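S.K.: Listed below are the residues making up each chain.
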Amino acid sequence: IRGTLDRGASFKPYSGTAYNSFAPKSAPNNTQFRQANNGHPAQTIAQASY
Amino acid sequence: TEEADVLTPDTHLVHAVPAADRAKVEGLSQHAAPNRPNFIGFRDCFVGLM
Amino acid sequence: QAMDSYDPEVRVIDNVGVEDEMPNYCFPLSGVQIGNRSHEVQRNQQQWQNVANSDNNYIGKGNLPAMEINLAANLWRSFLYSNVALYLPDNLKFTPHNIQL
Amino acid sequence: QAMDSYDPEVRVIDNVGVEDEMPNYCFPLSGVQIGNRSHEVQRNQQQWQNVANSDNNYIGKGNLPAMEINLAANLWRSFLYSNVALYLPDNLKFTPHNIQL
Numbered sequence: 103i104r105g106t107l108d109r110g111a112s113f114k115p116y117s118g119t120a121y122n123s124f125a126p127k128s129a130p131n132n133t134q135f136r137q138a139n140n141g142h143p144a145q146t147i148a149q150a151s152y
Numbered sequence: 255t256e257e258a259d260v261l262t263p264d265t266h267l268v269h270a271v272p273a274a275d276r277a278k279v280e281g282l283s284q285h286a287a288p289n290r291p292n293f294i295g296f297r298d299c300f301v302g303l304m
Numbered sequence: 356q357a358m359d360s361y362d363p364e365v366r367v368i369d370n371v372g373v374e375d376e377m378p379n380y381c382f383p384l385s386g387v388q389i390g391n392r393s394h395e396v397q398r399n400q401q402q403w404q405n406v407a408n409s410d411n412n413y414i415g416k417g418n419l420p421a422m423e424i425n426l427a428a429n430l431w432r433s434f435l436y437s438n439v440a441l442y443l444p445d446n447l448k449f450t451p452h453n454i455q456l
Numbered sequence: 356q357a358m359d360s361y362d363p364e365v366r367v368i369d370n371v372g373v374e375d376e377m378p379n380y381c382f383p384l385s386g387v388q389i390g391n392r393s394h395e396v397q398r399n400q401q402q403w404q405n406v407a408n409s410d411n412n413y414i415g416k417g418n419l420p421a422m423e424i425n426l427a428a429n430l431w432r433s434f435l436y437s438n439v440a441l442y443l444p445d446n447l448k449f450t451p452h453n454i455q456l
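Protein chains in written order, with the authors' numbering: chain A, 103 to 152; chain B, 255 to 304; chain C, 356 to 456; chain D, 356 to 456.
Quick caveat, the hints were computed from the structure, so don't treat them as lab data. Idealized CB from N, CA, C, for every residue including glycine. Among the hints, a few may not be true.
Take a look, some chain A residues computed to stay more than 12 Å from chain B by CB distance [stated by the list, open to error]:
1. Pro-115
2. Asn-131
3. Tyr-152
As a list, the in silico DMTMM-like pairs of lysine to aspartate or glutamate whose alpha-carbon atoms are at most 20 Å apart [as the list claims (entries may be wrong)]:
4. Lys-416(C) with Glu-280(B)
5. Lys-448(C) with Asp-410(D)
6. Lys-114(A) with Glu-376(C)
7. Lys-114(A) with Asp-369(C)
8. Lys-278(B) with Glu-376(D)
Same shape as in the complex, but just chain A:
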């Protein structure tokens, strides 16, 4: 037999992740949130490591 198969989107042949697996499951990326609204536009939280 020969043909095409589609395991669907529910197919995950492994545990954990394959994207920043060492990154703390709480540590966020470079996000630029907002300061509890009011009159404070934008707000940066990151790091300059070059």
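Starting from the known structure of chain A, fit chains B, C and D onto it as the hints suggest.
M.R.: Chains B, C and D alone, transformed into the frame defined by chain A:
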């Protein structure tokens, strides 16, 4: 600064602090967790294929 | 007589992923960092009068300061690099920096 | 019926070393320690004028503060001490300090 087609395939939100108003400071508190491993394939000895 | 052989997991990598659903933390040998002192004080009659009964305690307002590390992840990575990365063809490597060879 | 036996690796130690070519690190639950605030300011016309558009950010000039630990090393040591150190002849041991026995 830049915008990205950020997404998450093998991960979901384990702890979602705020529903809406998420992108605010109190939102970064959200945590992630890997999706349960799900293997998919042809049964043993191809039972049921015939 | 000890025939040569290789570790099956090395010859054919079976990357099934890593079981790290739970986060791993390392806590100070104290169980809470010391940096500030409290002061059990009584209310009423004023704004809150000192206790006088000895002073300078240690109480951390919040949880314990901890560092995270994906344990299971590391072991997996260390395994690979030490069993397959260092054995890759010389063509995929490069001489280190500032080193007589 | 469950004949007695011992773990081969315990009876005869096969110290093949430890695969720790890669360093293991534990990073803060933040991914960068917060302690100072920046300030996006414009140049020209002066030395650099404030932004006014909200203030007090958080940016770490450099890498993330991490603590190292030779994972693979620990496991090896914990194995030995718990399987051969605690079983050494009493003659090689010494009563703890300040303890009724």
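S.K.: Any of the earlier hints contradicted here, and which numbers?
M.R.: 1, 2, 5 and 8
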